[PDB]
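Shown here is one chain on its own, the form deposited without the ligand, set out as structure tokens.
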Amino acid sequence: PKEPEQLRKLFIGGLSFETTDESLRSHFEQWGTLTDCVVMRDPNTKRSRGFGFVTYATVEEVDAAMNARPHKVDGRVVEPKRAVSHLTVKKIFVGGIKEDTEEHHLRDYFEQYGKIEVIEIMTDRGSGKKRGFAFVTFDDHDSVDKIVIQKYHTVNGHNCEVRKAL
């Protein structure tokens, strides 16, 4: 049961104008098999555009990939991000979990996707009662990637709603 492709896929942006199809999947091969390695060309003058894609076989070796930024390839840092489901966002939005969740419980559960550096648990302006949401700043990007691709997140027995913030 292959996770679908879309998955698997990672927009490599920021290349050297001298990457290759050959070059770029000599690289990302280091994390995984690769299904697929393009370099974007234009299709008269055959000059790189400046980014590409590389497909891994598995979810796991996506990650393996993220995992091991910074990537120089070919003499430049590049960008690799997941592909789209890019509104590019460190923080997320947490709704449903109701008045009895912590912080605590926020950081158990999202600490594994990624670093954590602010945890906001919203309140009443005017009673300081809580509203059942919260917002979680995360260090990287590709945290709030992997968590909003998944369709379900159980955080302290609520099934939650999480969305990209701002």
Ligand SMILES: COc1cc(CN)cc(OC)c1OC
Contents of the next structure:
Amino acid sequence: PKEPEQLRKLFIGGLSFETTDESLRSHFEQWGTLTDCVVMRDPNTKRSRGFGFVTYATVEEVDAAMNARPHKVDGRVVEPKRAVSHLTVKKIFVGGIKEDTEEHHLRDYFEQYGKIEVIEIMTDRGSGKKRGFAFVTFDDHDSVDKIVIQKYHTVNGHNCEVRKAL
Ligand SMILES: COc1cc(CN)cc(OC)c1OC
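Next, give the form deposited with the ligand bound, keeping in mind that what was shown is the form deposited without the ligand.
Now the complete complex, all chains and molecules, led by this one.
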């Protein structure tokens, strides 16, 4: 059955004030079926508030739209973000990896969410022993947004806790 609507929505900031429901739809329909498409407007003046949202039929379509950034809509580069679960960060905390998880375990798993720039496996300041958690920094926030909405992360056979960092 259908993924929850919240996970199929993209909020689009930075719109041209000339963008309409129709022009936003014509743009974003290139990456999937849109079940909803709205430009937010002032209730009295009807002047655009400069943001809106689109709702796709599937999560894979959201992924396709995000992978097609940057989006220039009606002459202006816009800022799409998945709806909140916005705390826009590029770094995650990964906990529960114990002492046998290495850099390549984290890279092999997380590289499929986005381009990794830093992997930091935490070690004890005094002894050098692994503390059982790590931080991963990506080149872009959408990787993190995809990661933190998953119910489960299994890395090196460990069930991990993953959260947005800083
Ligand atoms: C003004 O822009 C945004 C508005 C909302 C409203 N929920 C959410 C957003 O991101 C999830 C935005 O940034 C694109």
